[PDB]
Structure formats: structure tokens, C-alpha cells
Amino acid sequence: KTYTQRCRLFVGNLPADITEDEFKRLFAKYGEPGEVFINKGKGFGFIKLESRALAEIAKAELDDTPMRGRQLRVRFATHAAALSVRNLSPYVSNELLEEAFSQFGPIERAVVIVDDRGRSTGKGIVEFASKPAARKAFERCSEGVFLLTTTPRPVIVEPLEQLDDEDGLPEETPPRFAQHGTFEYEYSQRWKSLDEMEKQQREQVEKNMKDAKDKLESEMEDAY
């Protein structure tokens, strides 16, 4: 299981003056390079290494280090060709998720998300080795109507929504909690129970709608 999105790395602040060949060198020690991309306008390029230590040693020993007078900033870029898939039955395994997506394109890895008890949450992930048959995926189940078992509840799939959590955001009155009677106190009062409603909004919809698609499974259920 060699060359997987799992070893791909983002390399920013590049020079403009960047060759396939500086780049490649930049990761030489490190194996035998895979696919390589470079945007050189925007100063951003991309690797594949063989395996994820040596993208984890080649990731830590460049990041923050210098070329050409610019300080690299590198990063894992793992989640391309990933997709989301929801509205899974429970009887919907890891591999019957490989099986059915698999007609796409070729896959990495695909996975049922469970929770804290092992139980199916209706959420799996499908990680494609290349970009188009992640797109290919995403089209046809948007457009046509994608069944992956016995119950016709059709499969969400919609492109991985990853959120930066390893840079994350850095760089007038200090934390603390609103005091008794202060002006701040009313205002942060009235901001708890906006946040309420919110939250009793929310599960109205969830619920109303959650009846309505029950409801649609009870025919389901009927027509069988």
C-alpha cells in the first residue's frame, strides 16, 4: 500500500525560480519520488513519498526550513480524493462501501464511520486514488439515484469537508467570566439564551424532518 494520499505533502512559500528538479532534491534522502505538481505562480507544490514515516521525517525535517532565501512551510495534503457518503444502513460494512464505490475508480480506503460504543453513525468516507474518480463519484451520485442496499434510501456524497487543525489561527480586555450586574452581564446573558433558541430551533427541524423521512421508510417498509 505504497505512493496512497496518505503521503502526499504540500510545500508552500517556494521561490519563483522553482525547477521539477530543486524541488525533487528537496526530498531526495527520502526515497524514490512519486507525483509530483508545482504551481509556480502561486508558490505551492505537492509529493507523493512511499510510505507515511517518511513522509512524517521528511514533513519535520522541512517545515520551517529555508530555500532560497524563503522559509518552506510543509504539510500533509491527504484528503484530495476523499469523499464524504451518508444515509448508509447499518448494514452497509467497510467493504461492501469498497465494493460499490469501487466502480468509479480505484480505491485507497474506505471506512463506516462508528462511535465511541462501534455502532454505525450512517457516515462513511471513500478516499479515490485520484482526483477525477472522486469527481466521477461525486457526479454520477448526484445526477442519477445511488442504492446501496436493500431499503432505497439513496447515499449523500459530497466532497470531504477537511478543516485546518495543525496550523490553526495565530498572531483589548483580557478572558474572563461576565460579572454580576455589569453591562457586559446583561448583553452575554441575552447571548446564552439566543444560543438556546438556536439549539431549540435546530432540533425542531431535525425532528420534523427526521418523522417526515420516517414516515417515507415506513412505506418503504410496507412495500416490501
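Residue numbers count along the first chain shown, from 1. Just so we're on the same page, rigid core means the largest C-alpha set that superposes within 1.5 Å between forms. First, how it differs from the form deposited in another entry.
Annotation: Cα of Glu196 displaced by less than 2 Å between the two forms, core superposition. After superposing the rigid core, the Cα of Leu97 is displaced by less than 2 Å between the two forms. Once you line up the core between the two forms, the Cα of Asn208 stays within less than 2 Å of where it was.
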Second form
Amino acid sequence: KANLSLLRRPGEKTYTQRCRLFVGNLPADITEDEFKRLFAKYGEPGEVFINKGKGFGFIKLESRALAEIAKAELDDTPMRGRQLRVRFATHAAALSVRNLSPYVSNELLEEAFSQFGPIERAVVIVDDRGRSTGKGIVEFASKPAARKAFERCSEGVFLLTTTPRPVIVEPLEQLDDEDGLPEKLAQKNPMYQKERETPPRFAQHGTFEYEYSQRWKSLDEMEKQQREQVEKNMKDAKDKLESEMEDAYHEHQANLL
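For comparison with the form deposited in one PDB entry, would you give the structure of this protein in the form deposited in another entry?
Lone chain follows.
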């Protein structure tokens, strides 16, 4: 109980953006001291922010594990007749990385990107078999550090290993698969009422909806084929570049024998 530092993982930084919780649906009469009291069981807080009138707040805890337990224990709990909503806040300094060679590790990715500023986390995304997907995520402590990493890697050629594969850096798309789109918000849409008139169904042959849908599916099948062809054409161009460059290199070494 006294040593909460036991929840910190090896090499984990403390009070990162991954330790930040959002709390929504707070009663309008909440105080900052009361909001701190709600999280007192989870050690010393880092940043604390409350917006009384909109009933929401932010709090940073010491470790990811502490934040996960606090989220699990406080989410959907009542406070003066309001069920609280506790969620992890969205990361404001995260970047996607791609064109990673198969031997690039989480630690190498962190070493490399640390030159642009302090890293909270860097990870190589792997498939169900543990093989690299060639993609990764880099999370910086601040937005300027991410912006430098993004600008420098786009302007210059950032290489991680002997084999010169340039890292491609792009902003990370932050998507929500937790709350998603609840009926309560979809109801607010003006078309919703007319849209729910026809329930879920399999379209019947000899109807306009079946004809339109079958034709739409054939266009979607065509799009996938065209996408797959572009990928194959450009992969062939990339492989031809690799061979041309290796031949030019071997011709150079020959001139130096």
C-alpha cells in the first residue's frame, strides 16, 4: 500500500500522457479539492484540471497501472446522482512511423527518436505471430518534440540500421473503439427517425435497394483490385530501385579493386 512505485513497469517514465485520465459528468458543485479526494487512494497526483460548469476534469497519476486501476474502480460510479465517466485522455504528441526494417526493435525506435526530444513511449506494432508489421508509434512528452521529429524526418533521410530504409513519419490517427457512437447521440441527427423506419435486413432480389447494393458492391470490389494493383506496381518499382542501386554500388566497388 505505502510503496505505489511497485506498479511502475521497468523503464516506464512516471506521470506521462498515458497516466492521464479524463473524468466526465461530474456534479456542477464539484471543487478541485473534492476531485483530488476522489483519486487520493492512487498516490500523489500530477496535473489537476477541472471545468465546474461542463462537469469534467483531468488528472495525471504516477504510473499507467495506477491509472488503469483508478479507471476500472471509478468509472460508472455515482457521485450526487451522476454516474461518472472515466477514460484515458487522448495522446496529444503521438506519431506514426513506417518503412521499418524487420529487425528494428522498440528500444532502437526510442534511441533514434530521442534526439528530437524526450520520449514517453516508442513501440513497433507486431502481428499475431510477433513479426514486425513495418509500422510503429512514437509518443513524445511535448508537441514541439513531435513536430521536430515530423519535420526533420520529412526533410531529411532518417535511417535506423545499416540497410538504408528511410523512416516515414506521419501524425497518428487517434480513433475511439470504446464509447464509439451511442444511440443517444445518433438520435440527435435529423435523418435518424426516417432512417430507423426500415429495420436491419437482407435486401430481396427484384428491388431497387438490391440492384443498387449489388452494383455498389461490384464497384467496391473494383476499388480493392485497383488499390491492390497500385500496391503491386509500386512494390515492383521499389524492388527495381533496390536492384539498380545495388548494381551501381557493385560497379563502384569494381572501380576501386
